[PDB]
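Take a look at this one chain, the form deposited in one PDB entry, written out in structure tokens.
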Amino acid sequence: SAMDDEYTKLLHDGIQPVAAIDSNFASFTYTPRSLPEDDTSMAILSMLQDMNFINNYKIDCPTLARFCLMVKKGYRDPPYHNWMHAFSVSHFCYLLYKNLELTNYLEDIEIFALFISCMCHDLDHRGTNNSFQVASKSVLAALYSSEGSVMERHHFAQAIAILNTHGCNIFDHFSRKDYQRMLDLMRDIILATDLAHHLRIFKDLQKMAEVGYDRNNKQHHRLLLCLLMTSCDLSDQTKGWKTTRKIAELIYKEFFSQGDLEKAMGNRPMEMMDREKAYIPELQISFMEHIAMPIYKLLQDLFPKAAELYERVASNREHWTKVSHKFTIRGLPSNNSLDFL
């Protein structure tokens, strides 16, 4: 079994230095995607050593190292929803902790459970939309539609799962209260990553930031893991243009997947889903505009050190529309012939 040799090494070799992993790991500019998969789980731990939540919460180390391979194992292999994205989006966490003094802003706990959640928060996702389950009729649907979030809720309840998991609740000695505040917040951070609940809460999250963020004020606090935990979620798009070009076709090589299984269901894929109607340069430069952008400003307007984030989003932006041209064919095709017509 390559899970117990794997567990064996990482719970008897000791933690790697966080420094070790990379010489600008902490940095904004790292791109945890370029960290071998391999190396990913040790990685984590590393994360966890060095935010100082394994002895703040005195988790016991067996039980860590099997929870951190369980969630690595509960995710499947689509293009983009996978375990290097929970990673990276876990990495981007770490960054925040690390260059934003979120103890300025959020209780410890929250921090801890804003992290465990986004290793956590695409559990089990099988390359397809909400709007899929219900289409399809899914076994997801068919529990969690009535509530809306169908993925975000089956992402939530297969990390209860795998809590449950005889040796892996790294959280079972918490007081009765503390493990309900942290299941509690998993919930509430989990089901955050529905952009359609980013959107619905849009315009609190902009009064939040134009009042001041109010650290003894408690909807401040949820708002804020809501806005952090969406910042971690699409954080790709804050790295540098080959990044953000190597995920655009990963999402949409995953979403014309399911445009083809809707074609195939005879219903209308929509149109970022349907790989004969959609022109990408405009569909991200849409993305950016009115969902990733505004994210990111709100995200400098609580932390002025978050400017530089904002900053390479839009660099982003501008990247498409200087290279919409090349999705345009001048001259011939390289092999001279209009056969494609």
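Between two forms, the rigid core is defined as the largest C-alpha subset superposing within 1.5 Å. Positions refer to the first chain, counted from 1. Compared with the form deposited in another entry:
Relative to the superposed rigid core, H325 undergoes a CA displacement smaller than 2 Å between these two forms.
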Given for the second form:
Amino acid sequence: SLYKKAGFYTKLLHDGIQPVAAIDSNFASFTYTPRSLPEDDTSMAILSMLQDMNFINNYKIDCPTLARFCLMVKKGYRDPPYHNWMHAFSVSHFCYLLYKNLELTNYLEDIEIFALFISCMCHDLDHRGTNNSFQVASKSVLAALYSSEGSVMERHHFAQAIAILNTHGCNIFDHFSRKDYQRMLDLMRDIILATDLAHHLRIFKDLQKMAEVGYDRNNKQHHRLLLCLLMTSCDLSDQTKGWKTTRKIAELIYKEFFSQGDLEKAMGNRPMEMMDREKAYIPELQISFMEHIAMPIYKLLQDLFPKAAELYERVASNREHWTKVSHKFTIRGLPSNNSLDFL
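Next up, the form deposited in another entry. The previous block was the form deposited in one PDB entry.
A single chain, with no partners or molecules, comes next.
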């Protein structure tokens, strides 16, 4: 359960901004797997995506400040199996896919799309590989600061994002008007807080009604709800990839969750069944997660954007794959080597 922080540029300045097709001919496709990109190329890909969406030119972002900000955000992640920089990078890449494939500019303002992308980059900053309930249980300084207001980790992720903006030479919004600077902070706060599953559960009925009635671009609340839905669709986007990606991400998720369970046991507390390597049956847990959490989010996305149909179909297909592979997975927890390759 020990996950380290790497700390407390010239390559990016020389050729950090590349045409996205040079990264991969399939880079702007829903079939691209951003985890296939070497970690050392991810900062360049972030700048390339911001350039391709034209935010660097439109918002007059200083490229050296943007390169420093990207490197700070990357260094802001610890190394647990799942909640690491490669996860934030892949969530950011999905936001870019939504911009490139769906007609986002016809639903949201440019500033809202920009905040969604930056929020994707920052949304799990300084994650400890433990959930909100663990923060409360371990009586952590994060729980001491935020538990009374809800969403302990998410309030921390936003605080970490603000701390990077306040670091000398990293403020990518430095030249914005006081009104636009504040608008960015408010959007980042709302979007990052939307990543707490408890928040999604509380607003589900309202997202359901928005898709039922129809998206109204003149309704400010519809913009807020859509941003919440888009953010959760980016956070769960590993489930929209191929079966091999889904299988590997289950391995990473459960290695992280089971380490939390082991730590709770060492503290003399009984963990939730899903975090207990002695009780959890991964295929059943993943089928339930896909049915209750991921599939409804992508079905809502399909209802608002017809071009998103393939995402829901992929999630449903990955759910069916777990049922078919469960006959070969006869154990609780993970195998001795923590790998699901045998499936």
